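My questions will all concern the structure given below.
What you see is the complex with one protein chain gone and the rest in place.
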Amino acid sequence: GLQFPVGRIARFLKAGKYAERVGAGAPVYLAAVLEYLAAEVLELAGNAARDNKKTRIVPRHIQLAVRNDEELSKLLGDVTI
Amino acid sequence: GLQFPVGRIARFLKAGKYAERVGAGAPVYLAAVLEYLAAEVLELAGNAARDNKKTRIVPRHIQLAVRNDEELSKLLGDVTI
Amino acid sequence: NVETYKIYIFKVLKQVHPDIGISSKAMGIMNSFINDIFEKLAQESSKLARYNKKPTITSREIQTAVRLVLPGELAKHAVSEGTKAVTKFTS
Amino acid sequence: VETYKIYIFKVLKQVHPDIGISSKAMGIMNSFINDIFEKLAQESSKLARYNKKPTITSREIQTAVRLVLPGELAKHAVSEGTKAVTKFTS
Amino acid sequence: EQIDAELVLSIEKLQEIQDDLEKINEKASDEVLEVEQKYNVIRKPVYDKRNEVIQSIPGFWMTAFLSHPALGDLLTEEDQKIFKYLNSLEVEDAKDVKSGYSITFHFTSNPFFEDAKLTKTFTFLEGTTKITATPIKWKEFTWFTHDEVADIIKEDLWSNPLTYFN
Partner (left out) sequence: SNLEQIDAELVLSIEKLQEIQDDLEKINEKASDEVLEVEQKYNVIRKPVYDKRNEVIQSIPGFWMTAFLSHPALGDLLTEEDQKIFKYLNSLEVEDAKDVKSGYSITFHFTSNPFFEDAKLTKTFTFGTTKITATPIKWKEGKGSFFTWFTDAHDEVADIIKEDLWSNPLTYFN
């Protein structure tokens, strides 16, 4: 039930000259991972809407959503609007 | 020790679009044949050159060397000059 | 290089937080992140697949094997079938 | 059209080493050999399509070596076997 | 006279070699055109899934055409209205890619012309070419029976129309 584009990713990997050959399971596994991370910054940067009593998620809402969660700071680093 | 060009003839069959595949028997076999069919029409055309009293073969010498022998007029034809 | 994952960001937003939107530069910062992780992962995975020298059997290999081992139309059918199973598992 | 003139000349120098040949005369011998090759090729090419049996050429022996042998052994294995076949195939 | 003869042998050997280069450049530039054809197949369903996704973007073909540095200035105001109905543009190399190609122009409800196209087809194989173009059915464009316009539609805009649209 993956929202992320398994096919489009298989091309990004091959046409990017990362490796010359790509197992069918690799873009599927990469697809779910990119989505899981999306679901995490979105869960949180959409909770920064309710804390800030707003609904249109703006450059701002994300930034405070990352620095609050420990791990997501070390991953994506500092965020600037 | 063949005189005629095996490789060049091999290529002529491929590029000719006669067949996309060739076992190196054929270019060898075929080269040997075009050599013998020259080594007849020369051992005759060259005799012709000493009949008409010369040592420089010309269209008149080949025409006579062919038409007189039966097999080579059937193979080649009239030889209009 | 930068790719668009934006369609598939939206589609995820509308699960965790159905009733919440996102501004133009706010989406162009979510995209900026997925592109940053894709590199980190593919570039790393490229070092991992180049460390390893052990040969892999993928579908390309099975599919060629079908042609060499199966005869003629059995083979053309077999390939249709195999190619259709893998394509469905990717979709 | 095609050139066998180097070899028509070269054969002439074994049957009658004593005689040259003109341009219109060579050009007519060169036309003779073209004419025969064409008739022979067009025949072998029908007779190939008639007798459509599977056939093992060096083509296939080559690829079989590439498939069956390990990486380094195959490289030499091929080279040796290509020599073997190019030997007087020219 | 050991190298009077051997000087012709050398010039015909040289003729052999230009003979066989013409064969090897024909295989080569034939394998080149097997690759062109392979990709036209691969591109078609994507070009087709583009044409369809473009139908849900309102002024795309007109906005794109105009935005172009070259193609924009030629369209006058009368053409431009008709062009507001220009729902699609369709380039396609014919199946034997080397021969030719055609630049269809799709349209919808508009009184000035009932024609549902303005194609401008081509065929060439390179000294001699040709051009057969749809006759304009003006109901109740100085193009239609070297050429620069067809090139810039095939190679530039059709290729990527979105670059211009922005």
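A, B, C, D and E label the chains in the order they appear, each numbered from 1.
FYI, a contact is a pair of C-beta atoms (placed from the backbone, for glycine too) under 8 Å apart; a residue touches a chain by one contact, two chains touch by 3 or more.
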{"item": "Sole residue of E:10, E:80, E:99 or E:132 that reaches the chain not shown, by the stated touch rule", "value": "E:10"}
{"item": "Listed residues E:4, E:31, E:73 or E:148, member touching the removed chain", "value": "E:31"}
{"item": "Absent-chain interface as seen on chain C, which is shown", "value": "3-4, 6-7, 10"}
{"item": "Those residues of chain A which, in the complete complex, touch the missing chain", "value": "8, 11-12, 14-15"}
{"item": "Interface with the undisplayed chain - residues on chain E", "value": "6-7, 10-11, 13-15, 17-18, 20-22, 24-25, 27-28, 31-32, 35, 38-39, 42-43, 46, 49-50, 53-54, 56-58, 160, 162"}
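To be clear about the criterion, only the chains that are shown with their structure count from here on.
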{"item": "Rounded Å distance, chain B centre to chain E centre (Cα mean)", "value": "49"}
{"item": "Distance between chain centroids, defined by C-alpha means - chain D, chain E (Å)", "value": "42"}
{"item": "Junction residues of chain D - those touching two or more other chains", "value": "2"}
